[PDB]
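Participant: Now for the letters of each chain:
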Amino acid sequence: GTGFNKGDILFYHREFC
Amino acid sequence: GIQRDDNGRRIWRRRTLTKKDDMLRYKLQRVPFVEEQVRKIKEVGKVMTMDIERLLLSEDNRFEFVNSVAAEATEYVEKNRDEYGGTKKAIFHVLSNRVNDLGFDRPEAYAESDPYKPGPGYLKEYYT
Amino acid sequence: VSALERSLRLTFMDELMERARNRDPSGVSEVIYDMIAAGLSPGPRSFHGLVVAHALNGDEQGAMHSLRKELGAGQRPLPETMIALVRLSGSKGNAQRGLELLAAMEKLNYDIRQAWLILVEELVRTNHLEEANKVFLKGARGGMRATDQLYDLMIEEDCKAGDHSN
Amino acid sequence: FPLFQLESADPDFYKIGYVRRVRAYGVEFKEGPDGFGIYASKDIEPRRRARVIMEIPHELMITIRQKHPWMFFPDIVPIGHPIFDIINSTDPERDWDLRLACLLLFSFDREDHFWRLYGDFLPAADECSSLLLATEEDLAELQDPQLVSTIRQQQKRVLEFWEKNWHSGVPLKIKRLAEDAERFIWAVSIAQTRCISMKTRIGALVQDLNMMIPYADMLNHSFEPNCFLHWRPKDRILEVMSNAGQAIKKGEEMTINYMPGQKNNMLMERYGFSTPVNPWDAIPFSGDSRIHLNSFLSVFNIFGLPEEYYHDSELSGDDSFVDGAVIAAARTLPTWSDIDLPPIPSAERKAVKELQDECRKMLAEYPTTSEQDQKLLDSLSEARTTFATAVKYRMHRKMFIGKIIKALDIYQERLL
Ligand SMILES: Nc1ncnc2c1ncn2[C@@H]1O[C@H](CSCC[C@H](N)C(=O)O)[C@@H](O)[C@H]1O
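Chains as they are written, first to last, in PDB author numbering: chain E, 1325 to 1331, 1360 to 1369; chain R, 35 to 162; chain F, 63 to 228; chain L, 56 to 60, 72 to 482.
Ranges between beta-carbon positions, derived for each pair:
hint : chain 1 : residue 1 : chain 2 : residue 2 : range
1    : L       : 373       : F       : 204       : 15 to 25 Å
2    : L       : 476       : R       : 83        : 55 to 65 Å
3    : R       : 39        : L       : 179       : 34 to 44 Å
4    : F       : 213       : L       : 135       : 30 to 40 Å
5    : R       : 96        : L       : 141       : 28 to 38 Å
6    : L       : 416       : F       : 211       : 31 to 41 Å
7    : F       : 211       : L       : 297       : 28 to 38 Å
8    : R       : 72        : L       : 137       : 40 to 50 Å
9    : L       : 472       : F       : 223       : 45 to 55 Å
10   : L       : 373       : F       : 138       : 20 to 30 Å
When the alpha-carbon atoms are kept at most 25 Å apart in a straight line, the in silico BS3-like pairs for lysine-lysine are as follows:
hint : chain 1 : residue 1 : chain 2 : residue 2
11   : F       : 200       : E       : 1330
12   : L       : 458       : L       : 427
13   : L       : 96        : R       : 53
14   : F       : 200       : R       : 113
15   : R       : 61        : L       : 81
If the Cβ cut is set under 7 Å, some of the chain F residues that face chain L in the computed set are:
hint : residue
16   : 71
17   : 72
18   : 75
19   : 76
20   : 79
21   : 82
22   : 114
23   : 140
24   : 141
25   : 142
26   : 146
27   : 173
Honestly, the hints are just simulated from the structure, not real lab data. Each residue gets a CB set at the ideal place from its N, CA and C atoms; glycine is no exception.
Same shape as in the complex, but just chain E:
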């Protein structure tokens, strides 16, 4: 039954502007 078959770049690097 139901038991069958076992059931960070790009940051701190932005454009300074």
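Fit chains R, F and L with the ligand to the given chain E structure using the hints.
Facilitator: Just chains R, F and L with the ligand now, kept in the frame of chain E:
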């Protein structure tokens, strides 16, 4: 098959039945006195039985269907514990969502109440 | 964009790509500074050339520095730059750097499936089967699908190594 | 306040299906000068999973086994009928359409069969776009000797089969199926243009079938479709499913992929049409002048492996230029790749100039142009469907070559 009637409009032949089908007249008729029956079906929750049968028409194994429904309900309860257990049941929500995913509109989790309850404190007494 | 600016960019880009194909990142930086002096803003193509120049002669730190320069310049890196970086990390066996680059690529709205395949294949090639298995399983649990050849390669190599679990 | 503020199909067309357990959800049938089509009667909102669009019961189909022996599902042919003898003598590999044509004629002669009614909505001999109905004049406008030879061979085969099996001495139940040759030719054309092949399980039997499916052959072709066919074995129903998570707006046509990975020539041979955005079309280049594949893909935002090229449609924003034609160009242009070796722009200019020269030579080889073909179509008033089909085919090929030219131009422009 191309033909324009001198004004830029293209005239084309419409397709028609051009034959007699006796099954049309005899079958497109409606029973007029099932309002109470439909209302009682909605009240007792047989639409959910129809939905459960419909969902199993696309499942090769029903035990796998039960396991998947239970897993989805478990995810529902784990993500939002406080929303279930009362008027909203997780398994009913899963069933309604699976029916709604087919494009068939259903009330959420088959949650319904009685509009005719005469204020707070009054409990309906079932007539056995 | 006049014909004069287009011709200047053509000449500078041709020289920059010639230096990049010759594994000369210093010359590519010279050409980039020449662009800066001449008023030609370095686009993503020039920084891609610089990254490729650094990556060709097995220089991961300089390639990451070039990517940082491109990001600080405000330019959006090309998919080729990112896949070159992930391939370099896989060749060096730097699995975590490759995963960081894949995350950056995903953040910049890019398809990371091909880069994931490149990374796992390079990790297998350079005899880094543990990190290759880890990255492959991360990608597979993430929903990505690998090619049949990659599936067969992973299964066969893991079973040759005696690793039945992976 | 409320007070202050293409034609619909014949209702009987859906009614005859509806009374026989055919259900269409969120879509309406519309008929135009080109032909029948299926369009969303409202906004098909995207859900988590695929949405059910249509449901066609198995008993309304005309299906035959795709592999020997020939068994029909549902079994409409009685035991001992000569039509089975006619069917059983066909070549198993290439004569699949003849068997379906025989079944179609047999069903049209059956009084209680559904297709006796549904057959009145099939395109007629003057409305079908199949090239089996094209004459020598229409085939002359294909501007392709190979396709003309293929069409002539198919017509010869069909006529030979009809002459072999419909001679004088055949019984009356067989002669009335096809009194004259053009009836059988139209049957074969309908079979070729509307057949659907699928692997279906019926009960415990799994097999491949060639199926004439009503209400599902009305779906039109697309190489970027929003719908697909799924067989439901438990109740023997064919489902038309819209793609999961793909929003569909009101009036948007519902389309399926008739056959993936087939060029315009095969589409013309089989379904009698072609599309200008075919991502599998081929143009024979010399191969001496080559461009960089990676740069070409990155400029137009074409991602994925060579067998799954797809436009991202996000980075472009509003670039309608990038479509299946650009994908076909990337799949057919001579290209070189060296892992991470960048391309020198100067060589790219020369390569694209040579390729544009080749494309312009190809355009010059055609007697006419594409714009004049469109003008001829607009001024056309007394031509057959196959005539306009051939004109559109050559026009689409010219459009594809022009798109290649423009793509090379913008690629060399954006290389800096
Ligand atoms: N995208 C498309 N553009 C032009 N014709 C198409 C098309 N997709 C399908 N067709 C045509 O439609 C036929 C398939 S049956 C589809 C419905 C048909 N147009 C009708 O009115 O009955 C094919 O013969 C093909 O010629």
